[PDB]
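Structure, as structure tokens:
A single protein chain has been omitted; all remaining protein chains appear in their positions.
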Amino acid sequence: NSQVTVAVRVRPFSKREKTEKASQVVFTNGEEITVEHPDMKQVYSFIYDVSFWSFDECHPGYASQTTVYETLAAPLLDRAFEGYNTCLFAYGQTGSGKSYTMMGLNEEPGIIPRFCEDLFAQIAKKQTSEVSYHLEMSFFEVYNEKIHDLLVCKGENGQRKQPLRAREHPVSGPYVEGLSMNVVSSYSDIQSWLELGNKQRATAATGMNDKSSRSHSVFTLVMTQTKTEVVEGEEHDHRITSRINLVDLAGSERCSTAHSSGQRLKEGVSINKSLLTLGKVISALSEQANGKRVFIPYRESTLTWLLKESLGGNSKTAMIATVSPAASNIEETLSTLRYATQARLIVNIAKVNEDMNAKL
Amino acid sequence: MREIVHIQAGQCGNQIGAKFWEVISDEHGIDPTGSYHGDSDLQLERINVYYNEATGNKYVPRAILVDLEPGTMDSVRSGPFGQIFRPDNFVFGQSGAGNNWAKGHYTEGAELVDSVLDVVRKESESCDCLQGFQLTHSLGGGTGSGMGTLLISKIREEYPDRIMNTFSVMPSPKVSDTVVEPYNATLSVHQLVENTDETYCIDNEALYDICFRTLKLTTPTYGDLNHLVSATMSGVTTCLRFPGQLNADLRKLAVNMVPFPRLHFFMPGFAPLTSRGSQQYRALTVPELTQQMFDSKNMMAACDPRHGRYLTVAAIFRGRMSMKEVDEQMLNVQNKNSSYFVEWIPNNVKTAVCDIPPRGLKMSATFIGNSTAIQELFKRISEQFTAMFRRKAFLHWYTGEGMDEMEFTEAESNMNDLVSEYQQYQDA
Partner (left out) sequence: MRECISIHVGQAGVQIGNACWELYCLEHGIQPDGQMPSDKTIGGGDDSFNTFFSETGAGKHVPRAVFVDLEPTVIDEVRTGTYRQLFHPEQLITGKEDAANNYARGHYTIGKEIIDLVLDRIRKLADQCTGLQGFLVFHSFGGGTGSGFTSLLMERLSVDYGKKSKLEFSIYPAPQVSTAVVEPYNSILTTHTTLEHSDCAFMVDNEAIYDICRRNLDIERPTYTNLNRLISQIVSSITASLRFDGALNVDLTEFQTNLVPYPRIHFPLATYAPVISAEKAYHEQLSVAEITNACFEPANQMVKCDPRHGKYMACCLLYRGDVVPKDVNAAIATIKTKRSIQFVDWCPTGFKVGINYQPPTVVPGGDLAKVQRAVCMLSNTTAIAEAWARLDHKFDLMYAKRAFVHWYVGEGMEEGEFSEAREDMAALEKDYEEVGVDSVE
């Protein structure tokens, strides 16, 4: 069923920032969220289903990473065992610390390693001679509407890209043609692979910051569930398959300010197109929720199209967005909320239905 | 200072170009030698949109031809206007595909496409600033579909900032001049909804019914059916070649008319079409054209529009006119017939006007429209398609060039999915 469940987070100040005394602006009154332009002209108000807080380490309802995992991840790990595909997104501009929320650090681990570790744990709980579990992995990206590979190395001649395709099987949905799939049992192994993937990622320094991204990044984990053992002879009449797709996304990248023509501009354009189409897709899902019949523009983009079976249908999803509270960065921050306004899924709607008179 | 290139594939594209250059040459004052015998300077200020120049005031076009069989080449050259074209641009090969899309996307076109692009690059680089590309290719058949689609793909990998546009004939319900129209057509749409900014559907049946009813012609011919397509093509760029109180271009018609990008299949129309006696019994005013244009029968799709609503339409009038009357008539059209229009667009019409009219009339007009009623066309093809593919009728001639069943199934979805999009807006 339709399970969008968008979330938003608020980081703390840095040490550098607390030295410079970044003027706090973003405030709360619990579930509702407010912001106050330092001109003190108007107050914008945003509601979401869920609201975390990581600015004051002492305040009630504090959002530590344990809370993040224990509230968002666990339904995914649970549903995957039921045999359903799931997906998790991530929005956020550079400086809002998506790296802190997803990956985290050794003393405050983020989401990824917790999810993988709990998967390992439940595997080692259910692992009997009656049942087996196989886990396979893969990693790719999106850049100027093309597709590449990251896990796989390349030729030491020049910019030896990895040109790939997207094709459609009539049953299992779309896939990639030429892709590397690998096997896993150790968390350290996936950490190694993930580092090897994130190194080759498509990036470029700018006047803003050296470490910025220009390419979306998919991390795919295929799960397998083999139980079918015929009582009158060993025979796999079927085996359940279930997918997990994490993805990292780039920013909104207003280009009227960062006026640096060439490729830096021709990549941000495609990036924003992908964001737009993803937003349309989620806004369509929220209406699919309500029993109404509608169209979905799956085929209009690429990253939507390699997700078609994991996003739609009986599939549980999510999304989160890191931000920055420092009033110096309000503009980018506002878009970082204005993209995720799906809280009003079905409010203030007219109704006209007459299908009564069911009688003799 | 801007530019348009013309590519011409298959039999249809070549026989159409042989009447399009015949109409443009008659408007800019050109003669079969490629010389000038016009009357007004105003025809030469923007001749550099379609034509190049030459040594002795001769003018030569940016026309390119493709065909994989010379059976048309000598038909053009041995004609009235087959000799100004640049002989280095008459590309060809041999051993035509024989209405097999596979032979014109994989095998032969793979040999000829670089020889085509070697000329396309020459004709591009010799321009100052570029706007977009034009093309004239049939579907259903072979060469024009396969090689044309391939050219589109290679270009929009090469030159994506700029525009692309096609004037593509389509198959028809009643009669088919080829037994494998649906298959080739579906495979063509799989590679033309992605890599296009606008394409204009034309259907032979509509031209026939038009020429039977209105002009009351007795002995038509393909060469005179093409006279309406050349007219339309001419009108679409009249905003570009000439002045205008409210100018336009190709890109303007693209932005205004294509709300979401995949729905870029048009339904054209021209006015005032009348018989050789019945022009005395009519008046030349804006409403006399406006009632003729939104009629069901002056369209070229063989698609009853009144089975559906119009997402957006356009219009290009030509002559000394009164814009108040134009805008008022369009207001009344959006008023009386709201059911044939969409509510979530407030003004489903725009305009565009030029003040330099054609050689023989005081007034003229073209009409363009993105209607939902194209839906019933594609419902045919898929239907026509799938029952044949349920039994694999003519498959092996297509698998015999390194293909797979997979490549068909994809295409089918990409049409059916598209159809569903239109139906989303067919209801209120």
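Order as written gives the chain letters A and B; numbering starts at 1 within each chain.
Throughout what follows, a contact is a pair of C-beta atoms (placed from the backbone, for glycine too) under 8 Å apart; a residue touches a chain by one contact, two chains touch by 3 or more.
Of the candidate positions A:242, A:252, A:304 or A:324, contact with the unshown chain belongs to A:252. Of the listed residues B:243, B:287 or B:400, the one in contact with the hidden chain in the full complex is B:243. Contact with the chain that does not appear here is found for just one residue of A:198, A:200, A:272 or A:286, A:272.
The residue touching the chain not shown here, chosen from A:157, A:209, A:261 or A:348, is A:261. Touch with the hidden chain on the side of chain A covers residues 42, 44, 252-256, 259, 261, 265, 268-269, 272-273, 275-276, 279-280, 283, 334-335, 338-339.
By the touch criterion stated above, the residues of chain B touching the omitted chain are 1-2, 45, 129, 131, 242-247, 249, 251-252, 254-257, 259-261, 312, 321-325, 327-328, 331, 344-351.
Quick note on the criterion: only the chains that are shown with their structure count from here on.
Centroids of chain A and chain B (each the mean of its C-alpha atoms) stand 43 Å apart.
Residues 260-262, 406, 409-410, 413-414, 417, 420-421, 424 of chain B are the ones that touch chain A when the two sit in their complex.
Contacts from chain A toward chain B in the complex involve residues 167-170, 294-295, 297-300.
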